[PDB]
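We begin with a single chain expressed as structure tokens, specifically the form solved without the ligand.
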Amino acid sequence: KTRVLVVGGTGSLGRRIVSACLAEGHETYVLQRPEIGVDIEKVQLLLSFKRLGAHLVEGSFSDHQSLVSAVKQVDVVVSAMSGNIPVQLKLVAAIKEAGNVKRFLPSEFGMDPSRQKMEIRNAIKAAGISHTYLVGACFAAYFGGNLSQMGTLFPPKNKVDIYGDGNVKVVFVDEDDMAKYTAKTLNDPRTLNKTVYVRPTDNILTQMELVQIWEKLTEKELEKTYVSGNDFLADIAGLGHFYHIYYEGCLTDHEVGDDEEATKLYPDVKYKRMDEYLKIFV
């Protein structure tokens, strides 16, 4: 059994990673930070982990030696901050000091920063820490269910902004599926010290294709305001990354080999399609 410490386990992605690690059969440790000890929902979430067999390990980002003691107990560290640069770098320093970690999987929110955005990867390299990066897809909770409307995570009402012509291919993935891929890949010899691209073919969609999925489920056409590229840029760092995705098509402008793509490496994961994802909000 691979021993895995999940950092950020009360986050949106982190709590799905804990569940996926338990389901995959890893011996799963969850960092229990002091600050969330007074949050009743986060305490009951951690207790739902325990009842499924996870071990809670106490430590905090402000206590370097507590981070060292947590990572000294496992083979793999998985980090998911959706729920930050200094914090990942504090983890990197603790991992380097501990010396025992076989693989570190920092979450990058599915966003490849090598295309300074590179500070965490540069510290991983300089520390000699083995790793796997999972990149290449927008999380459906943040870009899909809102029809990619900025400034809101709620489903659309009658109107939407269409970015450019909405004909640029984006890659969407359910966070539940990103968590399964993380749990599958973290002891896969094929992905040690590799970038793994998450590109589920059925979820390669232009913004207009995503909109049309919504319109078909609600049986009604949305009012549309088209936002040109320079009208977008004249209204200004995620805003910059959003532009790279929806106007320059950075998630789809290069090919990926089967030996480095998540759905090919892990074809047992039946990833949720965006029509099934959006069905819940209609």
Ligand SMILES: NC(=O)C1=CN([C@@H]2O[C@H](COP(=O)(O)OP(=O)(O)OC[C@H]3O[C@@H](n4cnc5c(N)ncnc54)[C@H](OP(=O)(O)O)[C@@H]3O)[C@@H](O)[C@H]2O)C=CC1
Second form
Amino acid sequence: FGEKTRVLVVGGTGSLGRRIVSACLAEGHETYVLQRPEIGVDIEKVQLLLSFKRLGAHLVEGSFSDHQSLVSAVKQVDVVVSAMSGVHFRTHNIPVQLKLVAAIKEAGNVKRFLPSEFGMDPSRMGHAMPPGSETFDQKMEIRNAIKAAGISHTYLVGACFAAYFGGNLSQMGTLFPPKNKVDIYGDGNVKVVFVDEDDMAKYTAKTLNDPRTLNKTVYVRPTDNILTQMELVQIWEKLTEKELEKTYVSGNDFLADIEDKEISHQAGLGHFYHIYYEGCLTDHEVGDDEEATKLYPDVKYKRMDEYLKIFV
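Rather than the form solved without the ligand that you just supplied, could I have the structure of the form deposited with the ligand bound?
Lone chain follows.
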């Protein structure tokens, strides 16, 4: 007995998307994944979808170029979760979600939509410079379309994926931690929020039918993972029994020559500046009633000493 929750994951072969599919299956949701014809001859995408089908997910054919196919897909479910791309060095197709919003509005049966958020809260980032500002402006365009359409929502925000900021000791251009030398942004004593991307997906699956988070922004701030960069580096130094040689990088030097860099690097520099120099993930307080680890305390989130162990 009890209400059934059917979930359509749009973006199910993405980095976060594939973890959201797994987490929805594990949570017991009836889990559907969009199978786009445009994935074409991409063997990794196709075989990810088949792997979900083996685990009990339902593949639903549809294309963002075919409005009625999107309407037909979302009519099958109660909740839609979008994990649309939003990283300049990957692809950055956040605005394609406008077509999904229009399909949800027409279908009328969707109880909640979670758009592709899962990072810095775009509503706090009006000051950002281009091209990094595209991430926040495009995500706000989706939020505005959600509001105009009257679609119920949850926005899950507020943490750095450990893959991109934690396992590499926040060194740009690599996802492996350095062996001898490390660049520290500023004095390294600005608190950053880290979360295992797997746990971001677990909180997605927990929150998407939680009445407490209807039409709310939910902040992901795992207490033990609120760490300065120096604290993160010290976790690694303990695991490896070795001190790294530290270079402290001023804000002025961090941003030097930014106009001459590749677009995706300019975006990265801007995001890193907000996180590590401005402390944008920790410069505001949030209540327990809107923070993921307090709402879902049964998720035993991965701490960064555990995340880092496989790298040593």
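Positions refer to the first chain, counted from 1. What we label the rigid core is the largest C-alpha set whose atoms superpose within 1.5 Å from one form to the other.
Residue displacement note: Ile213 has its CA displaced by under 2 Å between these two forms (rigid core superposed). For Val43, the Cα coordinates differ by 2 angstroms or more between these two forms after the core has been superposed. Positional change of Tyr247 between these two forms stays under 2 Å at the C-alpha, relative to the superposed core.
After superposition on the rigid core, the Cα atom of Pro155 is displaced by 2.4 Å between these two forms.
Relative displacement of the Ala126 Cα between these two forms on rigid core alignment is 1.4 Å.
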